[PDB]
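Chains A, A' and B' with the ligands: place on chain B using the hints.
Chain by chain, the residues run as shown.
Protein chains: 4
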Amino acid sequence: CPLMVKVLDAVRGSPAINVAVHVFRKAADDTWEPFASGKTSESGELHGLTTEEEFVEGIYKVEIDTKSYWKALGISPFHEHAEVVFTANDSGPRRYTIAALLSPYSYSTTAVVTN
Amino acid sequence: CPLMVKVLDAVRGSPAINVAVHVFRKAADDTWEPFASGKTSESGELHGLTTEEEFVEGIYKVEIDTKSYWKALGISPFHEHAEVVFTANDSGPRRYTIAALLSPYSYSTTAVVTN
Amino acid sequence: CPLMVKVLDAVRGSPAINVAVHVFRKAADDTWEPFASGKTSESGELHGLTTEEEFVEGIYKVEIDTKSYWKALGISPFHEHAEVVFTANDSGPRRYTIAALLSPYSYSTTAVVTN
Amino acid sequence: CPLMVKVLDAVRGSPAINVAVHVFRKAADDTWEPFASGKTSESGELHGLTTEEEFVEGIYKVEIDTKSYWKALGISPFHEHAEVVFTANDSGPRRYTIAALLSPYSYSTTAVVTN
Ligand SMILES: CC/C(=C(/CC)c1ccc(O)cc1)c1ccc(O)cc1
Ligand SMILES: CC/C(=C(/CC)c1ccc(O)cc1)c1ccc(O)cc1
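Residue numbers (the entry's author numbering), protein chains in the order written: chain B, 10 to 124; chain A, 10 to 124; chain A', 10 to 124; chain B', 10 to 124. A prime marks a further copy of an entry chain.
Incorrect hints may have been included.
When chains are identical, the list treats them as one kind, so a pair holds in a single copy or across two.
Listed next, the in silico PhoX-like pairs over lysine-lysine satisfying Cα-Cα at most 25 Å (straight line) [claimed, not checked]:
id : residue 1 : residue 2
1  : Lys35     : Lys80
2  : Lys48     : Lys80
3  : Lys80     : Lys15
4  : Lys76     : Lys35
5  : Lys48     : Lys76
6  : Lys70     : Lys15
7  : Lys15     : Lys35
The set of hints was computed from the structure by calculation and includes no laboratory data.
Next up, chain B with everything else stripped away, as it sits in the complex:
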């Protein structure tokens, strides 16, 4: 599992469950090609998006569907989603954890990169 996404809810103080996540990879044509997608678990975590083989060098965009999350909770948020865009594996394979903390008018994200 070279790519994991973890999402917490800053209003409730809990994992953000059932959050849709889409990952895209920039193609030769400079367009965003679909790469992988999933939904966070009861722990707010999304594993198994990809494999070491598939997760090649490239520029990736992780889109976390925060709007759908807030609206399912009956709340009208500010952002359409939270986006994390980064070059990956440029110096060899790494394991990436993309963590995001959500509030209706704000989000914060950080990356943990390990060898």
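Showing chains A, A' and B' with the ligands alone in chain B's frame:
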């Protein structure tokens, strides 16, 4: 000024100066059209992006070029840029401030919407 | 004004207004002595806390009464308050801005130190 | 393990390892009594601070020694430490995760509370 962007640097404890910022508006074909742009001032602020007349309801993307900012500082960054995507909605008089706090491997953004 | 505090609300997307803020300075017996206090304005800002003459080097604690703020809004909070503890150091001319972003179960704070 | 502390480094994109953490509990006299302490592991996590029996109702302060962390890395940070102050177990025993993300001039903290 219905739209303002403010960027701070969490490493140096200072405004993030001379940071490039691009704003796009979503078009009917779902593509992103350039809408406005600029560079943050010595106070980390970017004013004068647009006018009330131009800033109609719609979906907007604010891209903050954090990678270049960190590069100019000799610091190794994670993200290509920071992205803030939101719908602008006409609910009485509203000024939008997009604030972003930058670290090499993390960013945090909030919106302040006031009358 | 060598010391300014600014507080924003991540739930409502607005300045955090009328928030009580207490500043203490560490005394020789390691106790915290009241130093300055106030309430944030309609812009979420608290100015006029101290003067250059009074604001000498030392260790300071800024306590932001977030619990009361959330209570006044009918929202259930986690923290008793938000605390920012720092040493003030005379390195040329310096203004300190303590910024805090509030959510019910989270807070984020940064310092901006400018000349 | 009703109390866990997790600390990440926003400059390096990694767990913050070997960070000292002290927990205090407010006593009848309104003073801060030492409650527990430890250091984060290679994963940035601190488990085993306390037990369900010892972790009674009360107001707790978790002090994360961010200054010592940054200085050990040869960096001069702004904060003396990061403090998280909260009432715990007021409606029965809960499990608390206190997460903190560190930059030299900024920190962000959130709580996950589960039943
Ligand atoms: C506290 C929100 C904030 C910032 C500065 C961008 C912020 C953003 C995200 C965080 O996690 C913490 C602070 C800010 C907003 C308006 C200002 O004039 C100054 C600062
Ligand atoms: C401290 C980073 C973090 C979070 C929670 C997503 C975070 C992210 C950004 C911030 O500004 C503050 C906290 C987190 C990472 C791994 C976990 O298992 C739990 C929490």
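Evaluate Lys35 and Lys80 at a C-alpha cut-off of 25 Å and name the case that applies: within, between, both or neither.
-> between (29 Å within a copy, 21 Å between copies)
Intra- versus inter-copy proximity for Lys35 and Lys76 (alpha-carbon distance at most 25 Å) = Intra 24 Å, inter 17 Å, cutoff 25 Å: intra and inter.
Under a CA distance limit of 25 Å, which applies to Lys70 and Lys15: within one copy, between copies, both, or neither?
-> Close inside one copy (15 Å) and across copies (23 Å); limit 25 Å.
Up to 25 Å CA-CA - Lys76 versus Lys48, copy category = within (14 Å within a copy, 29 Å between copies)
Classify it for me, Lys15 with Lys35: is the Cα-Cα distance of at most 25 Å met within a copy, between copies, both or neither?
-> within (22 Å within a copy, 28 Å between copies)
Measure nothing new, just compare the shortest in-copy and cross-copy C-alpha distances for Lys48 and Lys80 to 25 Å and report within, between, both or neither.
-> within (16 Å within a copy, 33 Å between copies)
Intra- versus inter-subunit Cα pairing at 25 Å for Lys80 with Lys15 | Within one copy, since 19 Å is at most 25 Å while 27 Å is not.
Of the hints listed earlier, there is not a single one the structure fails to meet.
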